[PDB]
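Listed next as structure tokens is one chain, alone, in the form solved without the ligand.
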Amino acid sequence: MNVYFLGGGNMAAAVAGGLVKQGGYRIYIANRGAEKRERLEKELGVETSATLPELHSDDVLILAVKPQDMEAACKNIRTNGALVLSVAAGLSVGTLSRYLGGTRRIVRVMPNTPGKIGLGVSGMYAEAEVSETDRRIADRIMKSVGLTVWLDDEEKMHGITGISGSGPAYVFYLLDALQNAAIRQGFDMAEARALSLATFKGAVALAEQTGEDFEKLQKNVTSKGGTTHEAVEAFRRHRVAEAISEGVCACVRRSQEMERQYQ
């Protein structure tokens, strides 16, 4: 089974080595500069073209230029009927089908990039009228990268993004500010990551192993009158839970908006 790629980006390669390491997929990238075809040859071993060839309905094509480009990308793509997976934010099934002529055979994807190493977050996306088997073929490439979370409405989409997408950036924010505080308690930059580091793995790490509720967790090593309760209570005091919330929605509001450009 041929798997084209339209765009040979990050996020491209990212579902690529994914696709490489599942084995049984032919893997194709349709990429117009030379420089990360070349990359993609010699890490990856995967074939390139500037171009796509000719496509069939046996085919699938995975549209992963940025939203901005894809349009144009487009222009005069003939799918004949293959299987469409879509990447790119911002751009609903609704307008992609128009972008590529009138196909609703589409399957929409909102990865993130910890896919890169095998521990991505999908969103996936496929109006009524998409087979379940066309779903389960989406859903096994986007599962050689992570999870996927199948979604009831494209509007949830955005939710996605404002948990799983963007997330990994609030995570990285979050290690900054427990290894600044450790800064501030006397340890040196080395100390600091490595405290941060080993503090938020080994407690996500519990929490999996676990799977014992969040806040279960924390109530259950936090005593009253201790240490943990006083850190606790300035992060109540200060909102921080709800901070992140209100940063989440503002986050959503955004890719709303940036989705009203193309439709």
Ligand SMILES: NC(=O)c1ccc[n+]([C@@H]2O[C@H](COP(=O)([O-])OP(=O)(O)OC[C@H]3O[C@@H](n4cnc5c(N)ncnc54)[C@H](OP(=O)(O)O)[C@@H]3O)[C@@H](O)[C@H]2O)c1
Contents of the next structure:
Number of protein chains: 2
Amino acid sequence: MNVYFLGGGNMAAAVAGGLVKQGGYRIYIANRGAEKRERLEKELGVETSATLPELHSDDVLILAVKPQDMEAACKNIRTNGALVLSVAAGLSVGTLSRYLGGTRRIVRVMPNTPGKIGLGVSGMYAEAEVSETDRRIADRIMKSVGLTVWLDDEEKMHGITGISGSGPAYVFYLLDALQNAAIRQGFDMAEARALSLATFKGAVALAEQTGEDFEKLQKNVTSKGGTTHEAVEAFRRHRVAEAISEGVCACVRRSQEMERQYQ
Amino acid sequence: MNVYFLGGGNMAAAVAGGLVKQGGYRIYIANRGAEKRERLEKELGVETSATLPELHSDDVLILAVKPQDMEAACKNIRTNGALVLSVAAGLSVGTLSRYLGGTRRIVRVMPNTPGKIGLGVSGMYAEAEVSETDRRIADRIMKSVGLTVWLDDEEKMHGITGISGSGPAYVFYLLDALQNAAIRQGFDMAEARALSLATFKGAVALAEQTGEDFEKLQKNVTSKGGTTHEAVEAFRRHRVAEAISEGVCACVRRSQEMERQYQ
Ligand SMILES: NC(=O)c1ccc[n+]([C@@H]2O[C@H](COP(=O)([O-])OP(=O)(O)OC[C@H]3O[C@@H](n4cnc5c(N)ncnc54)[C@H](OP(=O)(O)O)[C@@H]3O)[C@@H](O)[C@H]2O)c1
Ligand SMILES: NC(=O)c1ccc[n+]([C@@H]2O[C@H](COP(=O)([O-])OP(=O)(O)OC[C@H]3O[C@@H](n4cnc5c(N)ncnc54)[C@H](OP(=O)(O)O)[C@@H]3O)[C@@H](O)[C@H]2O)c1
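Structure of the form solved in complex with the ligand (previous: the form solved without the ligand):
Everything in the complex follows now, all chains and molecules, and the chain you saw is the first one.
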């Protein structure tokens, strides 16, 4: 089964690479610039081209261009009833339908950048008119790069952005936060980075393996009048977790704003 | 080579389990309570006992009882010049020396709880009088459970506590913070937990694999006027990273306080 990508950038290359490891797809990437077709061909060994070939109802098309270039990109594309996925932000299924001239055979994806390493999380959404078999085809495609999470309401696609879409940046911010607290305690940049990385990696593996509630895990290791308690009381006083929720709201507000730009 | 543990609790059981996987040590755990000797013997298959046997200069002794019970535990122990490690908090090498009646053959360890799963970080400290070969013996012991970091100054053992010692609790707190922001966005408890876990696990793997600066990684994925930028501007306004450094200071202050209790 053919999987065409419209757009040869990072997300396209993550999912294409994903599909190559999975096996049994024919990958093909339309991308206007030669430079980056050169890379894909050398690294993944996928076919590429400046334009798409004729599509058929038995193909998949993955739309992977930046949102603002999407209407132009889709302008003269004839899907011929192919299954369409899109990974572009802020472009609703109805907007996508318009762009492509009426087809409803569309699944939306909100992936994130650890998918580049097979650790992604992809929010997924399809209207009711989209068959279960098409959902399953889309779902196995996005599972080549990580976790899928299907949503009932297209609106929750903003929640995904707020949590898993932009969340890796929050984690980088918090890694850096801990690295910097380590430098303040007298560690050189090398130790402070290693400390912070290993701290996060090991706490996260513990949470994963136990499946215990995050809060239950925090409390299990915060005896009253002890060192951990002093730190987490400071976190609480400065409303750290709350500010995290505020940041998420500001992110989801802005995703909502941005989406009104094209519908 | 024999490795005796004084204390059969969680840290003792983590490092013993570590040593079993490594291979080639004879593990033996003194622990007064039967109940928990029963576990260790069934799970790890290590010898245990209520008391220690006669020790020799060719043994290792790992001191692993709670700090306040340590002076009593060591009261009638004769190390006979055995290499001693201690994983107890807030008990300096000099204090340990007193406790054991003058020996200087001591390496201090500040481990953390992901060592339970081979993902630990252990701060390490020895006085100058402690030979390189003894440091290396201690260092291979603590490497059975994760990363080691050797320090020049015993004082930095408080910095380790502040960063890697208590840090897993901070990560649980921040996992929960993100989980809660997800619930506020309309996800059920199951999705919110999975979202948050996978977000942290995948960002951390990305940071690890790239080795790129945490801040450089955050900025790489925070285009101006975009969704991520709104969130991280909120984080900055509420001084999240700073409060993290404050929490670390409060933790390290308290570790310092607690250590004055026994010297
Ligand atoms: N980071 C995330 O959370 C994540 C999640 C969800 C969605 N996304 C989405 O991923 C998409 C791209 O992101 P990216 O980081 O991968 O950006 P990118 O590297 O710039 O990829 C976009 C590519 O589209 C190509 N393109 C534009 N018009 C074309 C045309 N009509 N024919 C063939 N190719 C064309 C461009 O290639 P040329 O150089 O030849 O012009 C460009 O390289 C966006 O829609 C974004 O919303 C990212
Ligand atoms: N979480 C961390 O960051 C980490 C890091 C560094 C250090 N530590 C240290 O780890 C040590 C123990 O922590 P834990 O969580 O493992 O506590 P724990 O489960 O209570 O282990 C302590 C054990 O010592 C035993 N014990 C006391 N007196 C004894 C005696 N003299 N003879 C034989 N056994 C005796 C007790 O066994 P009984 O039931 O028989 O009395 C008890 O189970 C502490 O010193 C702490 O400072 C933890």
